[PDB]
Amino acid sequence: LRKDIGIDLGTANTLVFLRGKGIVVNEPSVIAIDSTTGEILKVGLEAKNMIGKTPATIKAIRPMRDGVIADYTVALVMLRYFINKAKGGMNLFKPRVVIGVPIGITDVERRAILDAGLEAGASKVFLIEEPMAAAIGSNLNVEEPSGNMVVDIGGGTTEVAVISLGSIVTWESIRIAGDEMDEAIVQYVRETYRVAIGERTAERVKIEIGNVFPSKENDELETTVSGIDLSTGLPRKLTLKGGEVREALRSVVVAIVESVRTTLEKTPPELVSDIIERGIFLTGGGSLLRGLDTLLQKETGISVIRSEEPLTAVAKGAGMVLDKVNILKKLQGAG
């Protein structure tokens, strides 16, 4: 009805794009329920917060387990939360909603999200694979017959898609992408110093000094983090150097590369020639690893482009799309 919104449901942060406004929502994909009753207490940023104040009286539920929807009732609720913060409050119409889905998804998993959305408050809902949305959000012309290649690394899944004629022709999805990065940092810290760190700290180490390419510059990035010594139960404090960390991260990322390479191979040659000319479009919150662009290049030989807006591209696309009737009329519908 009145306002149009695109949602990028992620396993990290959910982003909501409002048409006429922009990204009107960037809050963590989390609900906090009381550890006893199962009383949904807060959703979103309000929940990231009270989970750090009072973690001992709370169960944290993250509705998108892997790529799709696991706890449909919790989803429903999360969904209802974001469409509402996005809607405005002073708005009282059911909005039109285009949600980003992963590529490899069963119609059953598809039917679900359509329903959830419809219950959450949408007057009408569309789906769109995360990469087509990204391509549209950056203004690549997906209607054009020239090959395009997007690599969307999130936190849950890395997706590699060849777009050509408002369609996807080849793709690969794999379950390694950014949480597996954070995870490798935690493990490294555990096994080299005997120290235990956790999600939010892993994530900050990754941001401040994470990298997958050698260089005087990357090796002198340092940071200090705090954890618990697994031997003394006491709080320790380490200083990590970008250079100890690279070893671990490379192992994880090799598999994302392999996924890209594996894609190029089963791509129709005519499009490969366009992709070798234009480059690979590297997008997504998972992608912001120092040297990832450089490493991909070295390892596939095509140049790599970074999105100027790595975190908001899919959402902007999910909303951009409600004008594009020619690409709209092709999306699965409900409402």
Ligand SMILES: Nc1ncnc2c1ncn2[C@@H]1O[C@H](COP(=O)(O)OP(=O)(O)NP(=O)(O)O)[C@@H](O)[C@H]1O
Given for the second form:
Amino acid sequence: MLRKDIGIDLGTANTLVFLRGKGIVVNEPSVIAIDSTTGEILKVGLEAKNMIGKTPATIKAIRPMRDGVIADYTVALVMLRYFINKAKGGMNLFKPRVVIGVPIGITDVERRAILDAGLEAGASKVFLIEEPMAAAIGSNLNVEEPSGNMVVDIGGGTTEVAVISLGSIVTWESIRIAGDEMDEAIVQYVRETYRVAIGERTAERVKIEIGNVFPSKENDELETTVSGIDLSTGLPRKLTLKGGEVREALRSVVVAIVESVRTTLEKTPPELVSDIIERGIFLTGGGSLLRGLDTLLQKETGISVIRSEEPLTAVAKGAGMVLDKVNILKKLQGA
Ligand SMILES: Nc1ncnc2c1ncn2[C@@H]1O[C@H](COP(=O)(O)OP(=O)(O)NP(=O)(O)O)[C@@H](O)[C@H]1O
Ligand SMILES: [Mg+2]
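Return one more block: the form deposited with the ligand bound, after the form deposited without the ligand shown previously.
After this comes the whole thing, all chains and molecules, with the earlier chain placed first.
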């Protein structure tokens, strides 16, 4: 169409862009690298992420999104626009309709922020959409139906657990503890235990290469190495971390995630629980990819837990699909 329909997943880690009629057309890190002095945009997306932690003092790589919402406005807006444009296929004649996914536990203020940043980013109409709602839609689960559907979305910034029914959220919990809060634990684990400082990115790699949360032979045998600075000798050092240590280091966070899942269920009308029980808890979100998280989750709850088919792209998909799911689009907040 002359007016492209965009579903935007503006996350703190990755920003996915869905385009009605063609699938996923933008899929890159929510990072912006500028010139620390002039204020010029150098690169955005993957090229800017690779910059993080390896930049001079004359460059500032910024993660404008923090904890699901806009941490640095004008920066977020500038990023939101690039990604939107890169998607639009190039300046169209008519401003697109945008559905940007947001976390459930967002204040009225953090809300208008994204609504205003969606308009300044060049959009005709902007709707907001709870992330786990889109996540569910973006997986073809019938959210319009009157039957419980529990979703556990663990992104880079926030962990949202939602119980969905009749096109809307019945109960939920949203902690600001997820993917990024995990990297740090790992980073701080190496610092505090091996007295060696590593980078936010080597940690992410560790989180991704051997991140697990359930004790098993396969897992315990896992190993990768980290190269940083030995804070005891100020000498570049390279040490080896085993899966058992990472699991243990991610514990504190893994527990918060689990606690909020428990809490949520505890306050869900029994009729839904009866459903969720036979149906299963849905696990999605980049940060939910930890090894054995479903097993662990399924254990603590006692309910089958099912990993999504495509977690990284489940919100972008939904946010865009909710456009042709008009019975649900009516209940969203717009601008
Ligand atoms: N294989 C993996 N194992 C564990 N964690 C991973 C893995 N792959 C990616 N991640 C992490 O997941 C986070 C991003 O998850 P993602 O679903 O893209 O969320 P987000 O949209 O960026 N943020 P949010 O606003 O919380 O939805 C980053 O912290 C990644 O390090
Ligand atoms: Mg997500």
